[PDB]
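Peer 1: The chain contents come next:
Protein chains: 6
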Amino acid sequence: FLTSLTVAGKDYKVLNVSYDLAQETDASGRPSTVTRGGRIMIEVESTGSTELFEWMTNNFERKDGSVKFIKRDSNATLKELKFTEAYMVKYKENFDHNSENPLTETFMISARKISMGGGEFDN
Amino acid sequence: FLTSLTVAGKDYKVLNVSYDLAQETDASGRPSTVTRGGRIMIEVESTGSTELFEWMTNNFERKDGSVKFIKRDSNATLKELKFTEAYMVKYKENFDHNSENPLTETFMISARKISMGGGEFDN
Amino acid sequence: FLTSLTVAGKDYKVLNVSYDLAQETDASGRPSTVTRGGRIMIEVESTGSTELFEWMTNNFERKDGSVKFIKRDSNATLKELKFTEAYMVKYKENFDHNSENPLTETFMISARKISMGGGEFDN
Amino acid sequence: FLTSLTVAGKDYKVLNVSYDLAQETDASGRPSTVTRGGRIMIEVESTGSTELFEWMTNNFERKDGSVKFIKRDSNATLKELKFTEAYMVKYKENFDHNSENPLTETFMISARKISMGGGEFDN
Amino acid sequence: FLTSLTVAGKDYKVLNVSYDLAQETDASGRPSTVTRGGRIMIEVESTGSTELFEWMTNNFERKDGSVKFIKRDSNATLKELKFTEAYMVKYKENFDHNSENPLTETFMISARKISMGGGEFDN
Amino acid sequence: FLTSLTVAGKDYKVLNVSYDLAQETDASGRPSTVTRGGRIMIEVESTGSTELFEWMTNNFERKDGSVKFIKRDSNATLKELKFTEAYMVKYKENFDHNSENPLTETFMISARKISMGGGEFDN
Numbered sequence: 003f004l005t006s007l008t009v010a011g012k013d014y015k016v017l018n019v020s021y022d023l024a025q026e027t028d029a030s031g032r033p034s035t036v037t038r039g040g041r042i043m044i045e046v047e048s049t050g051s052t053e054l055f056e057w058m059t060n061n062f063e064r065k066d067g068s069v070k071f072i073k074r075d076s077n078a079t080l081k082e083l084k085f086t087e088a089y090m091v092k093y094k095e096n097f098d099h100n101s102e103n104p105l106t107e108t109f110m111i112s113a114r115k116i117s118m119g120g121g122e123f124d125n
Numbered sequence: 003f004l005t006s007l008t009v010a011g012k013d014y015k016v017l018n019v020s021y022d023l024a025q026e027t028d029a030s031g032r033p034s035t036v037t038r039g040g041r042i043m044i045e046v047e048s049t050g051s052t053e054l055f056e057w058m059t060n061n062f063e064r065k066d067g068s069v070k071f072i073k074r075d076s077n078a079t080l081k082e083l084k085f086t087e088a089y090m091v092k093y094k095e096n097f098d099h100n101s102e103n104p105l106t107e108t109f110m111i112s113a114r115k116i117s118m119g120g121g122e123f124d125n
Numbered sequence: 003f004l005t006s007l008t009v010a011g012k013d014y015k016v017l018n019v020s021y022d023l024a025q026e027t028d029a030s031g032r033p034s035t036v037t038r039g040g041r042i043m044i045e046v047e048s049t050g051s052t053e054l055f056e057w058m059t060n061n062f063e064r065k066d067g068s069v070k071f072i073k074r075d076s077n078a079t080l081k082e083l084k085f086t087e088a089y090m091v092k093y094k095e096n097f098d099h100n101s102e103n104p105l106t107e108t109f110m111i112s113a114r115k116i117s118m119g120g121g122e123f124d125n
Numbered sequence: 003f004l005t006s007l008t009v010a011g012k013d014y015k016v017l018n019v020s021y022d023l024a025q026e027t028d029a030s031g032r033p034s035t036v037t038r039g040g041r042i043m044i045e046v047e048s049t050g051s052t053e054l055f056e057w058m059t060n061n062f063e064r065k066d067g068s069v070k071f072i073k074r075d076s077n078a079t080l081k082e083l084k085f086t087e088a089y090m091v092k093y094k095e096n097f098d099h100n101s102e103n104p105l106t107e108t109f110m111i112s113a114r115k116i117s118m119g120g121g122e123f124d125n
Numbered sequence: 003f004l005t006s007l008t009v010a011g012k013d014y015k016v017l018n019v020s021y022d023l024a025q026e027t028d029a030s031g032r033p034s035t036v037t038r039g040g041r042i043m044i045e046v047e048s049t050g051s052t053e054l055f056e057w058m059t060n061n062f063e064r065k066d067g068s069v070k071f072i073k074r075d076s077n078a079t080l081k082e083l084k085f086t087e088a089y090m091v092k093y094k095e096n097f098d099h100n101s102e103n104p105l106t107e108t109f110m111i112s113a114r115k116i117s118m119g120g121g122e123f124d125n
Numbered sequence: 003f004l005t006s007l008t009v010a011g012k013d014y015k016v017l018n019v020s021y022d023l024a025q026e027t028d029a030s031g032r033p034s035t036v037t038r039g040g041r042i043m044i045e046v047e048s049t050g051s052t053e054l055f056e057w058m059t060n061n062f063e064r065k066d067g068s069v070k071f072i073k074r075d076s077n078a079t080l081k082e083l084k085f086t087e088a089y090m091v092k093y094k095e096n097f098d099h100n101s102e103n104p105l106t107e108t109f110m111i112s113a114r115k116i117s118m119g120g121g122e123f124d125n
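Chains as they are written, first to last, in PDB author numbering: chain Z, 3 to 125; chain A, 3 to 125; chain E, 3 to 125; chain G, 3 to 125; chain X, 3 to 125; chain R, 3 to 125.
What the hints contain is simulated information worked out from the structure, not anything from laboratory work.
There could be a bad hint or two in this list.
A pair counts as met if it fits within one copy or between any two copies, since identical chains are not told apart.
Listed below are the simulated EDC-like cross-link pairs for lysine to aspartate or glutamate, each with C-alpha atoms no more than 20 angstroms apart in a straight line [unchecked claim]:
{"hint": "1", "residue 1": "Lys115", "residue 2": "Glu56"}
{"hint": "2", "residue 1": "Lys94", "residue 2": "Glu122"}
{"hint": "3", "residue 1": "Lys70", "residue 2": "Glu107"}
{"hint": "4", "residue 1": "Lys15", "residue 2": "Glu102"}
{"hint": "5", "residue 1": "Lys81", "residue 2": "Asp13"}
Starting from the given sequences, assemble the full structure and let the hints guide the process.
Peer 2: Structure below.
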């Protein structure tokens with residue numbers, strides 16, 4: 003499998019992605035209710051581009067974008083995760099000579115809404 | 003060994019499952035009593051389907067389903083774990099290019115009751 | 003080395019066992035005294051049997067049994083740990099496709115007394 | 003990929019670098035705002051030079067410098083991170099015979115400002 | 003290197019040993035003073051013997067003994083650690099089929115005094 | 003690379019060394035100031051010597067010494083760390099049959115002053 007990130011017309015080779023949602027439960031089961039969603043964590047090959055660092059610097063800037071998972075063999079876009087109005091919250095560029103893709107960017111954005119396959123979570 | 007998850011007539015290849023129950027003890031032994039049960043943790047190959055994400059989005063929706071463990075060599079269903087009226091509590095879709103099954107879904111449901119081989123735990 | 007668990011006339015291939023006892027010390031040495039013992043942790047190949055799950059469900063049921071360590075080469079029973087009046091306290095059945103014995107049961111019982119080679123600890 | 007550190011006209015072979023910025027969020031998203039930036043963590047082959055130890059000793063001394071990431075194959079400077087008025091905050095020289103580059107220096111500096119590709123963070 | 007434990011005329015093949023002493027410091031250096039010593043941690047191949055379990059059961063019983071480190075090649079006793087009036091404080095017999103020496107005993111004794119090469123620590 | 007410890011005219015083959023200094027920062031950067039230094043952690047092949055254990059026993063005894071890092075290929079002393087008036091604070095002799103250098107001594111001394119290449123930190 004192979005995926006990509008798309009922001010501001012710029013595409014980033016994505017090493018790792020994750021996004022999670024959760025509601026608390028009371029006692030056993032007994033969902034407390036209320037839900038948290040919209041935080042997405044990405045790791046990117048840093049390239050020579052500086053654009054992701056500037057977004058972190060910019061702060062209040064909110065953007066839209068999509069995470070597209072492509073089937074390993076086949077070109078066509080098995081699934082795409084779209085986020086709207088996401089703010090840069092944390093950022094870290096790390097170089098490790100020790101292995102593999104030494105220079106990577108790892109950051110977390112907080113989106114107003116994420117959506118996928120007709121599923122929606124808005125804050 | 004190989005297992006599967008069955009929900010809403012949809013079958014998911016299951017990488018990891020677990021479900022645990024516990025009662026507290028007082029001093030040594032001296033079970034405090036009261037028991038917790040019904041939480042099940044599953045990890046699934048994500049496919050192109052989006053159905054599990056929507057359930058998390060849906061929130062209050064409760065479902066039934068079964069986890070069926072099939073003997074490695076043989077087709078027939080060594081054991082099946084059935085849950086009734088389970089609510090989506092936590093969900094996380096994670097992509098890791100690093101190894102093996104890169105795209106997986108890891109979630110936890112809280113069932114009103116689980117049952118297996120005549121054994122029962124209801125909340 | 004190879005060991006087995008014996009409960010209710012049923013024998014379980016045991017992957018891991020442990021049982022520990024401890025008394026607190028005051029300052030350096032200066033045993034506080036009072037002792038804790040009787041908790042035993044076991045991991046079992048799950049088979050198609052459901053019996054251990056039902057015991058956890060049953061709760062208050064106390065049983066007797068023995069853990070028998072057999073010398074690797076030789077049939078004869080190097081040592082046997084016997085417990086009396088043990089209550090099911092925690093239980094977890096876990097499936098991991100990742101390696102080795104994928105389907106295992108891991109549980110902890112709290113015994114009124116354990117004994118071995120003339121040694122005794124009763125609560 | 004290969005990088006270097008430049009301080010006081012002295013160049014250090016850099017094994018690991020990292021620098022991170024973060025702002026807190028309130029509830030979900032809801033950035034608390036306020037931001038932290040300017041801390042950089044570096045690991046260096048110790049050589050026979052003692053200069054980095056003296057800076058830690060010196061304490062209040064602030065310096066400028068740059069971290070330059072060079073493309074693996076090619077000489078030219080894919081990206082450079084520049085910091086101004088950075089103070090030595092933590093330092094540790096560690097020798098481990100166990101593997102690889104046994105003698106390394108690991109330290110963290112706190113810069114008044116970092117900048118890269120037109121992006122800026124000042125305190 | 004190879005070592006052994008000697009208690010009650012019984013010798014135990016020892017896999018791991020450790021014993022540590024410490025005094026607290028105030029601010030930087032500035033030893034707070036007061037010292038802790040005399041606790042020894044050992045891991046033993048369990049054999050068919052039950053003697054170590056009974057000592058834990060016995061509780062208040064204090065014993066003497068020695069830990070003797072023998073040079074790998076040569077018979078003669080490079081160093082020996084002797085303890086006097088040690089009380090059984092913690093004990094755990096653990097079986098792990100996963101590797102190496104599956105059946106081991108891991109316990110900690112609290113000695114009134116340890117001594118080695120003319121060095122002494124008494125409580 | 004290879005290093006050695008020198009105390010009381012006795013030389014110890016050193017497996018691991020480390021020494022670190024740090025000052026706290028307020029908010030971002032904003033060094034709180036005040037500094038901690040002088041603690042050195044060493045791991046040594048235990049030999050048949052008992053001298054390091056006695057120093058721990060002795061307690062209040064302060065010593066001087068040096069840690070000398072020798073270039074792997076070449077005899078000459080790439081760098082040497084010298085400490086004056088250091089007190090034995092923690093000590094642990096550990097035997098592990100599992101690998102490599104089974105019998106080692108790991109201890110931490112607190113020096114009044116450390117110095118290296120004209121750099122100085124005194125308490």
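Peer 1: Next step is simple, just say for each hint if it's right about the structure.
Peer 2: To see whether the hints hold, each was checked on the structure:
no. : hint             : verdict
1   : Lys115 <-> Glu56 : between (22 angstroms within a copy, 14 angstroms between copies)
2   : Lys94 <-> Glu122 : between (29 angstroms within a copy, 14 angstroms between copies)
3   : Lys70 <-> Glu107 : both (18 angstroms within a copy, 16 angstroms between copies)
4   : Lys15 <-> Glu102 : both (14 angstroms within a copy, 19 angstroms between copies)
5   : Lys81 <-> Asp13  : both (16 angstroms within a copy, 18 angstroms between copies)
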